[PDB]
Structures are given as structure tokens and as C-alpha cells.
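Trainee: Read off the chains here:
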Amino acid sequence: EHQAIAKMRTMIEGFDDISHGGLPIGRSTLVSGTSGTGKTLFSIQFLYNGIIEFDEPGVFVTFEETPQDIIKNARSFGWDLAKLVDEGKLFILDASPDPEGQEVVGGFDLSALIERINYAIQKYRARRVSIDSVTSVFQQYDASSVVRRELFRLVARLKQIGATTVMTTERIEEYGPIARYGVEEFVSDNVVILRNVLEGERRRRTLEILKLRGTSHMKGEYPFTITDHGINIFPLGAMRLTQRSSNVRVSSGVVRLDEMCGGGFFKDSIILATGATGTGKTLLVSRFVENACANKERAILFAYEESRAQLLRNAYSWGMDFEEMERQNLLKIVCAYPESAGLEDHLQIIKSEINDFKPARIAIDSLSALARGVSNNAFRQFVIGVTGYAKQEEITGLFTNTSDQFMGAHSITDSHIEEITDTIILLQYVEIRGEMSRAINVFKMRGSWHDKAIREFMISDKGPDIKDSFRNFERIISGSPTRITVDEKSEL
Amino acid sequence: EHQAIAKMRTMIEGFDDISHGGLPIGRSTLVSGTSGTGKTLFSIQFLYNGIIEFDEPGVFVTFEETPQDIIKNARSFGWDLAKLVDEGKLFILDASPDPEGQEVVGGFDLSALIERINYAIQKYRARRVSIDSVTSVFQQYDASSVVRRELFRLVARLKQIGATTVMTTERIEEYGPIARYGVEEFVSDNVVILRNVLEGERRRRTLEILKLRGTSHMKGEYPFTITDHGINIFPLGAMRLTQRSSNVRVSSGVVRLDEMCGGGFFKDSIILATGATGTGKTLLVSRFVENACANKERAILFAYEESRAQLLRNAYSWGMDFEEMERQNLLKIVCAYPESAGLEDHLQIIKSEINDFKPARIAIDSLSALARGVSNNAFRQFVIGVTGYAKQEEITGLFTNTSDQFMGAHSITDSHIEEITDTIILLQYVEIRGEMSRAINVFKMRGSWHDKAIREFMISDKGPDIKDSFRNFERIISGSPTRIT
Ligand SMILES: Nc1ncnc2c1ncn2[C@@H]1O[C@H](COP(=O)(O)OP(=O)(O)OP(=O)(O)O)[C@@H](O)[C@H]1O
Ligand SMILES: Nc1ncnc2c1ncn2[C@@H]1O[C@H](COP(=O)(O)OP(=O)(O)OP(=O)(O)O)[C@@H](O)[C@H]1O
Ligand SMILES: Nc1ncnc2c1ncn2[C@@H]1O[C@H](COP(=O)(O)OP(=O)(O)OP(=O)(O)O)[C@@H](O)[C@H]1O
Ligand SMILES: Nc1ncnc2c1ncn2[C@@H]1O[C@H](COP(=O)(O)OP(=O)(O)OP(=O)(O)O)[C@@H](O)[C@H]1O
Ligand SMILES: [Mg+2]
Ligand SMILES: [Mg+2]
Ligand SMILES: [Mg+2]
Ligand SMILES: [Mg+2]
Ligand SMILES: [Mg+2]
Ligand SMILES: [Mg+2]
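Here the protein sequences come in this chain order: E and D. According to PDB author numbering, the first sequence is numbered sequentially starting from 14. According to PDB author numbering, the second sequence is numbered sequentially starting from 14.
Chain E extracted, bound-state conformation:
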């Protein structure tokens, strides 16, 4: 063909993006990674989506796992391969060793296997093939060279057959060589590397497309998660900067604030409330979530610091009843510890919820909490995730950030996310006569006018009351002001 290689869609969520269409038709993609990375799973999701979505027959060749075990473990994702096998759509060809015994199984092996495969393909009219762990085959007594040739033979005979194949391989080091023999990376046309990176005591899964001879692909590692739906990849670096923006306004749940914001937050906008511990971020959230129920809209509240019990105790105490918001089915509370998983897991958790509850407002009490430990880049990436997800989804996001130091805060955010956010509400402590009073400033607002006032405010059972600025002070921001004016009133 006078054309540049074409790709078969895998349908594995996110992979097709990273691969600019899927896998090159007629060629073999090697998928390698250490133990428990998702090799096998990937190979099955590949054949499975083929059958279900394009009615393209597949042949799964297995060297170590038993056809029963393969079907069985597939139920973990709601896949009945047993049924597909029956309908002649899927054909697992068992090439594993019988628990008994026979020697010299390396000669005929490949050859007899190739026509076994050939016959299978020809037979069920298959378009997709998966060979799970070729590695275990020469794992009989071979050296690099014997591996290089044997491989080249199977890739080649397979290519001639016209099958779009996925071959699996095991590794021993997360970043060491690509595949056991350091010979496979070259013999294959395409190379994909699945990583199960430790780092901390957490494990981050990532997928990289090392090379796709003939075409272009995204470069690098992409975090992904195995779920009850298989491999789910998040091309955070593929998400486009083309989200929608309306001048539609919506309320903060605190009128005076709405005023300060030029008349309520924009519907399309990511909000951030910062400030030292205890200033009142959670309050503005509660009042923010509520406001979405009072108007009969749906809102979720992912809290990483407090519980569902405490969030309800303190919320009632500020006048709004979360209980009802629940029953009526307009408010949904999540709750979980930042350590209960890794950033890639949370982002998905979040994305999930959002799909089943279709919120109109979303609040994440404390990003500063999800930044506990994680790397700064890994974090920033996460923020783009949630942020960028809700933004294109016309969801108003309110995020919290506790400043690492009360009073004297020289930077809005310690993780520098400032640029990623549309609106920024600042809460700070002001020392005024041996007493600690709050201040509330609408630091910025992208589309609106807002008010440049550092208004003090109080919290009570009614909630937050926004009073007036400290016009007669110098160094408010510092948290430790000073009074001015030296002329009271005298005669002429």
C-alpha cells in the first residue's frame, strides 16, 4: 500500500490516544513489564474489545496459564470469554506444559506452534492475536542469540499471516532492560512498557509506548489504573485546552461574598480558598455545597481531612443540614485518607463519582492534603486532572488549600497551583489587640470585577458574616497590623 501504516483501535480507555489510533495493523506489539503490571490483562482487553466492538475474532495463545484460569480471571471484569469461546468468536489455544513430562520441546515447538496458530487464525477467521508470555517458552535453556532468532521467526511468520498481534514479556527491573533477554526490544516493530513503580510505599502504574515503527505516538509514561473495567489510562498530557466558558454566574452560598465576586462565582470556573488552619475553608465549602441543593442541583463533596460524621456535626452547627441534602439526593459526601491510595487512584475515584452523580458543583476539601508527600510534579499533574476534568464538564469546582504557615504567608499556595485557578479566595488571621480575627479577600477573579477589600469576618451559628476592611491599618497582610491617624478633633 502507498499509504502510511494504519491502526486498529484497541478501545482500551486512553490507549488509543497515546497511540494515535491504536496498534499498527498487520504488525506485532510487544507489551512488557514486571510481575503484576497488567500484561495479560492488556492482551485480553485487546482481543475482547475486538470481538465486542468490531466483531473481530481473536485467538489468545497461552504458554503458562490454563484456559480455565484465563476465562475465570476474566470474570473480574465482567467478561464472559467462556461464552465468546462458545460462539466461535474467541479461541484460547492452550500451549502450556502438561504437569507430567517430556524432553526436547524446542525444535518442532515453534514450527508446530506456528501452524497450530495459523490453523486457529485461518479457522476462526481471526484478525487479532495475543501471545501471552513468549518469555516462558525459551525459558527452557537458551541464550540471547537463540532468543533473538526464535522471536524474529514468530513475528515474521505472524506478519505474513496478516494478524495484528500482542505479545507479552516479563521483566525483573522496573527501569532496567525492557524485556528479559535485552533482545526483544529490537526484534519487535512496536514496544510498550508497563511499569509498576514503587516509590514511597505506594505503587504507581504507568504505561509508555516506547516505539511504533512507521507512525507517531505520544512519548513518555502515562499513569493508569486497573479497574473492574480493565485498563483505564489518563492521557493528562493529551487533554486539550479547549474547555467551554459561559458568563453564567452561580452563588458561593454567602451573599456578601457573591457581591465581592462581582455577583457570584462563574459557573465555568475553578475556585480556590486558601489560608492557615482554622480560618474557615470548610465553612465556605459547606455553604458552597448547600447552595447547590437549595437550588435543587447535584453536588459532591470529597473531603480528605474530616469524616462524614464530623462534617455533619459541624455543618449542622453552622445552620445548614447536610442530612437532608443527602436524603433529597442532591448532595453526596465521599471521605477518605490521602494515604489510602495514590494520586492516580484518587483522580479516577473522583472521575467515577462524577459520572454516576453528574454534579453541578464539586468541592475537594484540601488539595494541600493530597499534596502530602507525593512529588510536586505528580501533584500538579493531579490538579490538572480534576481541574481540567470539571472545567470541560461545566462543573464548578471549589478547592481548598491550607497554608503551611499561619500569618506571614508569602505565597498563596505552597505547591504553586495559583496559575491553574480562575478565582482565588484568601482567608487570613489578623492580630488585632491580643486577639485573632479573620479577614476574607477575593484575591482574584478572572472574568469579574470583585472587591479588593480585606474585610474582616466572623463565624457563628448563622455561618460567616462579612463586615468591613481595616482601613486604618498598615501591614494587614502580615497578620500583625498597626493603627494609624494622629488627629482626633481640636478647635479652629
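Read the hints as simulated data drawn from the structure, not as lab findings. Accuracy of the hints is not assured; some may be wrong.
Mimicking DSSO-like on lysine-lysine, the simulated pairs with C-alpha atoms at most 27 Å apart in a straight line are [said to hold, decoys possible]: (1) D:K136 with D:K96; (2) E:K364 with E:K345; (3) E:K280 with D:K475; (4) D:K475 with E:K465; (5) E:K20 with E:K102; (6) E:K172 with E:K136; (7) E:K20 with D:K96; (8) D:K465 with D:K480; (9) D:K280 with D:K480; (10) E:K309 with E:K345; (11) E:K465 with D:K465; (12) E:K364 with E:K465; (13) E:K465 with D:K480; (14) E:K172 with D:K96; (15) E:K102 with E:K136; (16) E:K345 with E:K280; (17) D:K172 with D:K136.
Residues from chain E that keep clear of chain D, each with C-beta distances beyond 10 Å, as calculated [as the list claims (entries may be wrong)]: (18) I84; (19) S89; (20) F104; (21) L106; (22) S109; (23) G175; (24) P190; (25) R215; (26) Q256; (27) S259; (28) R326; (29) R446; (30) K457.
Examples of chain E residues lying across from chain D (beta carbon under 10 Å, computed) [said to hold, decoys possible]: (31) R162; (32) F165; (33) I191; (34) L211; (35) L225; (36) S229; (37) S282; (38) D435; (39) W462; (40) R488.
From the three backbone atoms N, C-alpha and C, an ideal C-beta is built for every residue, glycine too.
Given the coordinates of chain E, work out where chain D with the ligands should sit on it, guided by the hints.
Mentor: Using the frame of chain E, we list chain D with the ligands on its own:
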């Protein structure tokens, strides 16, 4: 001969400057890298260019990839090789192994292949030769010493024949030995290393001319990109300090601002707009991007923080009308997340757009965003790149930076780009009576006078209104002045 080693141009963008001229004639250059680095694409771009620019025949010896595949793959970049083959300008010598099977045909191995490569050179009057993955050949069962002889012999037969060769090898360690057997390094005259260095979930491609017997060449790694047009290297260090410089002015889209700058910006200049989050850089960017259209001059606005939609929104609330700008074909919006690529790539995309649109003004909203995560050195290199480019293309550039701390920032740029810039507009907050007012200062202008006052300003639908300075205050730069009555 009696003179300076002659060099054959590769025409591979940027490589000839790196190698000062091209690849040494009649000698063979070793090119190694790990899988997916572009070894093949290099050796094919070598022959392919020889044929298309110089009508120099080429012979492509393949040891693993199939001839039809090598052809097919090249379509990636829009290169019909089947044709070049059919016209006799290129010949793909298929030396790979039989898919079927045999083991006693290659007993005259090395020698026979030399007579085949040799017969082909004389046949097609080949000048350039690419041997792809010689490595896999001895990948049958050999020891280092055995590889140093066969390699030597070959290289020699081609040097005798007089062909200028490109032999490609494969590595396993991005920074370990140059080739599998740590023997090819020294059997070749030239060594070029291709690297796909990971480093933080992102890959960066670099090229390095490790050695070139007999001549000089640029030392160290240069970053490259494999695009639709093949390899493409930016010799960022090879860019000289030879940009033209006029005294002609241009407006900032804000009269008063042009007044503070002694009559606006200099056409040939890099302007920096620093300020804490919210101060108003984008408001300035927009007004700058608009002034180019009113003058019927093209301008590109590379956004990395907001969107085409939002920008358009916010632009509208400040007056103007980005919509019209677009239609009229006077303004172009880009948009992309820093993460949506590595610095090397972004640089390109930018370069790219500029070429297809020939803008008079460029605005990169938030350099500070581009600097996210990357290394400071790799970032400086990026600024020197974009900057230097516009500076040589007579393009006026407005770059934006957001300081990490609002108020009291003690340096214009955290990444330290100040020196690389001609003019620096600075925006800061100032606490006046429990309120947050703005201030704008033309911190520096290399060829003009410019006002030295720290004037306050408001943002209204109409736009930015530069007013008067805080004369009766002390420590305004501290963010929290001290009104002295
Ligand atoms: N329903 C599920 N939800 C979440 N994770 C799961 C689920 N099922 C399996 N997993 C995870 O995926 C893993 C299975 O790995 P998998 O069988 O895909 O291939 P592998 O380890 O790459 O290769 P191989 O097991 O053949 O050596 C489990 O170990 C577990 O970590
Ligand atoms: N009924 C109430 N009356 C007066 N003040 C209250 C009442 N409830 C809470 N507060 C005040 O509000 C503060 C609680 O903080 P809040 O729930 O707003 O979250 P935060 O400051 O954002 O984050 P964190 O509490 O984790 O520091 C307390 O410090 C307290 O002074
Ligand atoms: N049109 C294209 N646009 C962008 N990138 C491309 C395009 N075509 C190929 N690529 C990229 O270039 C690479 C090609 O590498 P190439 O086949 O030239 O040799 P190699 O990777 O050095 O060695 P090997 O033969 O072992 O793969 C691909 O892996 C891919 O990342
Ligand atoms: N319609 C408007 N009317 C009055 N003021 C506005 C209006 N729109 C925006 N503003 C003001 O302008 C500021 C917006 O900043 P701008 O869009 O210019 O970029 P920035 O501050 O430089 O950077 P970033 O917003 O990415 O942090 C807000 O802080 C706000 O005070
Ligand atoms: Mg707290
Ligand atoms: Mg709290
Ligand atoms: Mg390679
Ligand atoms: Mg190659
Ligand atoms: Mg900013
Ligand atoms: Mg901005």
C-alpha cells in the same frame, strides 16, 4: 589527499552545523542508541537526502527490517522509496534471515555480504551507504573480539571502495557503553550517539557527535524531534548573537504604557511582564495582541494557562473582540498544557506556527507555566531558543511570568531570565487601607528612557488605567507601604 577532510552534507536539519559541514567523505560513522531513538530514520534520511538533493545514489543494507517494511515505514514522512528504488537511485540490500529455515548458507559470512554490498555500489554508482543494525548480525553467537574483526574488515572494505557509510548499532543503557559489545566505538572513525533520556515520565531526544576523526564538531548533546519531516535538531548553542536591531517603536496596546516606555516598545525586543497571580499580565498580553491587528499586522498568542474559549470570554469583558481578530486572519490562538509535551517539542510547535503564519507580534502567556517541573537549565535553553528566534525574525515578543509569591517578591524572575530580556514591565499589589490595589512599573528598557515611577492602576471593562504613583508612601516594593503623613 593533502587537505582538510572533506564532508558530505546530510541535509538532516541542524546536523550539519553540529558536525561542521556533514559526515567525513569516504569514512563510516557509527550511530548508536537504544530502541526507538531513530537510528533507522537517521540512516534512511541520510541516503534519501543524498538522492533528492545531490542525486547521489544510495545503498541500504538491512539486517532485520524487511525491504517492503522499510519502504512502508518511510511513508510516515512522505518518502516514496519504492520509487527511488525503481529509478535506480536507491537499492535496499536485503540481508535479513529466512523466516522459514536453514543454517548452512551463511558459511561464507561477512565476505559474501561484502561482495554483495560491493557489487551494488558499482552497480548503482552508490556514494552513500547505510548499514542498519550490524549488531544483530553477530547476534548469532559471538564474543567482543570476534565483533572487532568482522566490523573492522567490513568498514575497511567500504573505505577501500570509497563509500561514505553510516553503520547503525543498538544500546541497552542510555548512558553506559556506546554499543552492545563496547568494541564498535573504536572500530569506527565517527561516533554519533542518539539518546531517548526518560527523566520524570517525559522522554527527551538528544543527539551527540562523540568523535569525528580528523575534524572538529560541536561537543555534547543537542535536542531533537522526530516529526513528520523526520529528524530535526536545534543547535541552540549554534545560534549566534547576531540579531538585527532597530530603533523603531511599536505600541503595547496601552497608550500610557507606551508613554512610560518613552513611546512604546522597540520592534526588535523581548518584553517581560512579571506580576503575582492576578496582577494582570494576561490583561496586558491581550491589549498587546490587539494592537497588532488594529495595525493590520499578524500576531500569535500561545496560551498555556487558560483556553481559547475562556481567553475569548475574558478578552470580551475588557472590550476588544478576539473573535473578529481571528476571522480577519490577523490573530491566532494556540493553547496547550505545558505537560502536553516536552520543552524541545513546544519550542518546535512555536517555531512551526511562526513559519506558517509569519506573525509580527508573539505573546507567550506564562513562561512560568512552561517552567513547571522542567530543570532550570533545560528551561533557560528553551527561553534562549524562543527568544533568540523571534529576535532574529524581527518579531516583537511579549512573554509573561508569574512570581511564586505575591508581595515582597525579592526578584523579578524565580528562574532568572531577566538578563535574557530587553524590557521588563513589572506588576505588583500594594496594600492601601485594607485594600488590594495594583501598580505597574517599567523596571527597565535597554534602548530607551522610560519612566521610573511605580504608578497604580485599575482594571475596568474599558481596560487598564495607569494612574499616578504613591509619592507619599515608603516601602511600596514590600507590598505593605507605610503612608508617611
Ligand atoms: N478487578 C480488579 N480490580 C483492580 N485490580 C485488579 C482486578 N483484577 C486484577 N487486578 C490487578 O491486576 C493484576 C493482574 O495482573 P495480570 O494478570 O493482568 O498480568 P501480569 O502480572 O502483567 O502478567 P502475568 O500475571 O501473566 O505474569 C492483579 O495482580 C492485581 O494487581
Ligand atoms: N459555631 C461556631 N461558632 C463560632 N465559630 C465556629 C463555629 N464552628 C466553627 N467555628 C470556627 O471555625 C473554625 C473551623 O475551621 P473550618 O471548619 O472553617 O475549616 P478550615 O479552617 O478551613 O480547615 P481546618 O479546620 O482543617 O483548619 C474554628 O477554628 C472555629 O473558631
Ligand atoms: N511520522 C512520525 N511522526 C513522529 N514520530 C515518528 C513518525 N514516525 C516514526 N516516529 C518515531 O520515530 C521512531 C522511529 O525509530 P526508528 O524506526 O527510526 O529506529 P530506532 O528506533 O532507532 O531503532 P529500531 O529499528 O530498533 O526501532 C518511532 O519509534 C517513533 O517514536
Ligand atoms: N471585567 C473585569 N472588570 C474589572 N476587573 C477585572 C475584570 N476582569 C478581570 N479583572 C481583574 O483582572 C485580574 C485578572 O488577571 P489577568 O487575567 O489579567 O491575568 P493575571 O493576573 O496576570 O494572571 P493569572 O490570572 O493567570 O493568575 C483579576 O484579578 C481582577 O481583579
Ligand atoms: Mg486545616
Ligand atoms: Mg477543614
Ligand atoms: Mg533499536
Ligand atoms: Mg534502527
Ligand atoms: Mg498567575
Ligand atoms: Mg493570566
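Trainee: Non-interface claim for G175 of chain E: all C-beta distances to chain D beyond 10 Å?
Mentor: The claim stands: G175 of chain E keeps its Cβ more than 10 Å from every Cβ of chain D (closest is about 13 Å).
Trainee: What's the verdict on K102 of chain E and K136 of chain E, does the C-alpha distance respect the 27 Å limit or exceed it?
Mentor: holds (11 Å)
Trainee: Let's test the interface hint: is any C-beta of chain D closer than 10 Å to that of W462 of chain E?
Mentor: With a closest approach of 8 Å, the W462 of chain E hint holds.
Trainee: Min Cβ distance, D435 of chain E to chain D: is it shorter than 10 Å?
Mentor: holds (8 Å)
Trainee: Minimum C-beta separation from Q256 of chain E to chain D exceeding 10 Å: can you confirm that?
Mentor: violated (5 Å)
Trainee: Tell me if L211 of chain E is really an interface residue toward chain D, meaning its C-beta lies closer than 10 Å to one of theirs.
Mentor: Interface hint status for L211 of chain E: violated (15 Å vs cutoff 10 Å).
Trainee: Checking hints one by one. Is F165 of chain E an interface residue toward chain D, by the C-beta closer than 10 Å rule?
Mentor: holds (7 Å)
Trainee: Do the numbers back the hint for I191 of chain E, that is, is its least Cβ distance to chain D under 10 Å?
Mentor: Cβ of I191 of chain E sits 7 Å from chain D, so the hint holds.
Trainee: Was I84 of chain E rightly flagged as not at the interface, with every chain D Cβ beyond 10 Å?
Mentor: holds (33 Å)
Trainee: Does the structure keep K20 of chain E and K102 of chain E at a Cα separation of 27 Å or less?
Mentor: With a Cα-Cα distance of about 21 Å, the restraint between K20 of chain E and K102 of chain E holds, given a limit of 27 Å.
Trainee: A cut-off of 10 Å on Cβ-Cβ distance, and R215 of chain E was said to be off the interface with chain D. Does that hold?
Mentor: At roughly 15 Å from the nearest Cβ of chain D, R215 of chain E sits farther out than 10 Å, so the non-interface label holds.
Trainee: May I ask you to check that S89 of chain E keeps its beta-carbon over 10 Å from the closest beta-carbon of chain D?
Mentor: holds (28 Å)
When held up to the earlier numbered hints, the structure conflicts with 12, 24, 26, 27, 30, 34 and fits the remainder.
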